[PDB]
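Engineer: Based on the hints, put chain B in the right spot on chain A.
Protein chains: 2
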Amino acid sequence: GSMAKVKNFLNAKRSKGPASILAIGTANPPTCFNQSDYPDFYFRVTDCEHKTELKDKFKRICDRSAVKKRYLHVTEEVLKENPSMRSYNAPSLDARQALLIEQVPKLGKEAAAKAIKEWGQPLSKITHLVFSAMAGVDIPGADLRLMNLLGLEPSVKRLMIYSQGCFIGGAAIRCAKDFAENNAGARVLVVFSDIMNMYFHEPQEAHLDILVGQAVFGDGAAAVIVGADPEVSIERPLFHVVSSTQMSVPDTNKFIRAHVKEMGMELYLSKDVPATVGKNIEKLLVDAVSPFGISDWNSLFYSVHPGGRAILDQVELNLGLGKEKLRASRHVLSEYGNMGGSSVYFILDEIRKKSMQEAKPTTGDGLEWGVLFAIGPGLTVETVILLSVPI
Amino acid sequence: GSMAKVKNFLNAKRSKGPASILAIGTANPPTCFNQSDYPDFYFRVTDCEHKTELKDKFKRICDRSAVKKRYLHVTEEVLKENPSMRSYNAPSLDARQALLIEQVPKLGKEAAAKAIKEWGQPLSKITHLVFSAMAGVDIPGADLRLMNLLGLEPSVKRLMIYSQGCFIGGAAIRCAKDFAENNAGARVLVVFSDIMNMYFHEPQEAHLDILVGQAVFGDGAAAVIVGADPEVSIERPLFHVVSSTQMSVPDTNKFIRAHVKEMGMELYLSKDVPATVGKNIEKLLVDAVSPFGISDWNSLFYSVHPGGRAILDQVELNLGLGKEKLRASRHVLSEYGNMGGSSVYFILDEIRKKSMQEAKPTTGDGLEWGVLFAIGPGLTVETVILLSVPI
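In order, the protein sequences belong to chains A and B. The deposited numbering applies: residue -1 is where the first sequence begins, and numbers increase by one. The deposited numbering applies: residue -1 is where the second sequence begins, and numbers increase by one.
Next up, chain A with everything else stripped away, as it sits in the complex:
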């Protein structure tokens, strides 16, 4: 009897169509670090200029990184105020957390506000908050802080995701899709605020993975508004989120690890990650587009998580893509570095912007179908099949 009531309720709160991305905003910290200067700054600020072999190594990693500049909260001022950061294994977690608990919801606020302005709707129409952050675990978390900073309704359904791993970029979008599609009228604010300060350490010959990290990690935040059934007047879908799948590659559990410790974050980043993704990317895509009769990989627009140059080179190679297919991804890697989970949305934004600039027919470089590859520790890949919007 009441199951009838439930079924009417359930049917009434479904959406008619698919969740789409309605706006994207991005943000960064003020201080720019140019890769050309980065090895000098790094080895000097850490009193490690005698480590000549290690510095040559890091200089080579930067030269080959295809990172031209990054935006960092870890400034010289911050490093002077917190000397514990400059001696490897020194207790520094409390200081790092003190910066994070403040900066993470703020950087996310900046990217969220740009998203909301583009979106055009009143804040009160935001029903769901999903906040994903690389670091800064705190209770209550950045999600609530964001609600206060923006003045979202206290009745927004908030969801905080600390340190899931960079594939969260895709994972969160799928969740948003479901939140939107199962709730008529729902507008989901999804925020990635990734600050990499937990990975900064004094260079050490005994810990080379951090040099890898230190070459590429940059700070960034992106906010995406997700909704189904847009109001034809004000709301303008950028991309439709068609379907999303997740794969955790067997026996790769240790390829990337990051432990939260008293010294900050202890990082392992296997040199074999890009090769593994290379091996798996085609099957992932083939299975992802199987419902849609898609077979020409060069007919898709691409957002690939820029974990590094080798990652992009590897996806390009194993999918047989033309040399321009990953241009937006390389661009974001170039101008921002690897900003973790937020990165693919910088990419998405870029693809959109250039699409307007070149008077393309669609938001997806004139193509209709696209794929976002969110890659993280696992190794786990979320593959998101997207659909562009005509412009």
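Among these hints, one or two may not hold up.
Copies of the same chain look alike in the list, so a pair counts if it fits in one copy or across any two.
Unchecked claim - Cross-link-like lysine to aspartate or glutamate pairs, in silico, DMTMM-like; alpha carbons within 25 angstroms at most: (1) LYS3 - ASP285; (2) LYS259 - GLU100; (3) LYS55 - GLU74; (4) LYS67 - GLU348; (5) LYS11 - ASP227; (6) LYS14 - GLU100.
Derived from the structure by calculation, the hints contain no laboratory data.
Structural biologist: For chain B alone, coordinates are given in the frame of chain A:
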């Protein structure tokens, strides 16, 4: 044009009916602690037997706790092995994290296995994993580890939620509902593994909230299987998840805080929390229940987060509940203590069990409508409106 394929794909992968709980399994660490013995255990293993006044105060707190016994991982052996945990403000995070990284997914596996055993289906039909943990942030996290410990498919959509705050007990279930309802055939394993060793500290007169915590916190895990359109034969729904709301009470941000620090977790627990819950509870319930025409609070079955005795008293009082209404909740507080996010499901399990046992017409004590109140830092309350299943 391709929007046709999309709308068809979207329409085909919806569920016919509501998401329901198909199974509940729970687990606890082996060592039982009687509340009568705990101040002696606590003040001795912490080398504080001279602190007789503080110990009288804590004994005083334990006597009123309405907690009879708890299951704890923090044993004397553990403390001998990690003495930094028993000297206040000593750097002990690395040690605690080492215990959590092992204990969290294992305890969750034990609860998950009992749940999967009741469910009866092959593991391969699990499409979604949602793992919530009080503490133990690590990359990859407890979720990937559970997939490995259980032999889940590498293509299961995993979602890890560290340190969200108790209210996750309700929050996760709403997410499961969407995942279940927006994905025909999807089966969501939701696991709460709450291990409280980050809150264990040497008793201090300057920090009295931690004494309260130490009187009520117990370790526990609960696993819930959630699915829509159960195969009428083999799958058997226990409860239906009808609808869920979330409220973060304005200006209560500092009532409960927990900061991750080098000494472990720094806890602030306001004495005014149960009163605030009391003040807002009737309004929360009325709004959650509004589309269903329910007005008599004693016609409901209840799962109320046993954060403590006072919270229970306060909900009971302000909803005008008869004194046997919170029987299952108080039962769980007595026999297990406050196990965070997992608590409300122990209660659910209990309600179900007594229901079968006393030959009730429904799984919810013979009543058809029910409420699960998930309460946590925020102050944030998730209200889950459930529908019982006839037996």
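Engineer: Determine for every hint whether it applies to the structure shown.
Structural biologist: Hint check:
1. When the C-alpha separation of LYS3 and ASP285 is checked against a cutoff of 25 angstroms, the pair qualifies only between copies, where the shortest distance is 16 angstroms, while the shortest distance within a copy is 38 angstroms.
2. Both within a single protomer and between protomers do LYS259 and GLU100 lie at most 25 angstroms apart by alpha-carbon distance, with minima of 20 angstroms and 15 angstroms respectively.
3. Taking CA atoms no more than 25 angstroms apart as the test, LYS55 paired with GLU74 passes inside one copy only; the shortest distance there is 22 angstroms, against 48 angstroms between copies.
4. Proximity of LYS67 and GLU348 under a CA criterion of 25 angstroms is satisfied intra-copy only: 17 angstroms inside one chain copy versus 58 angstroms between copies.
5. Both within a single protomer and between protomers do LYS11 and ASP227 lie at most 25 angstroms apart by alpha-carbon distance, with minima of 12 angstroms and 17 angstroms respectively.
6. In this assembly of identical chains, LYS14 and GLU100 lie within 25 angstroms of each other by CA distance neither inside one copy nor across copies; the values are 40 angstroms within and 45 angstroms between.
Violated hint: 6 only; the structure is consistent with all others.
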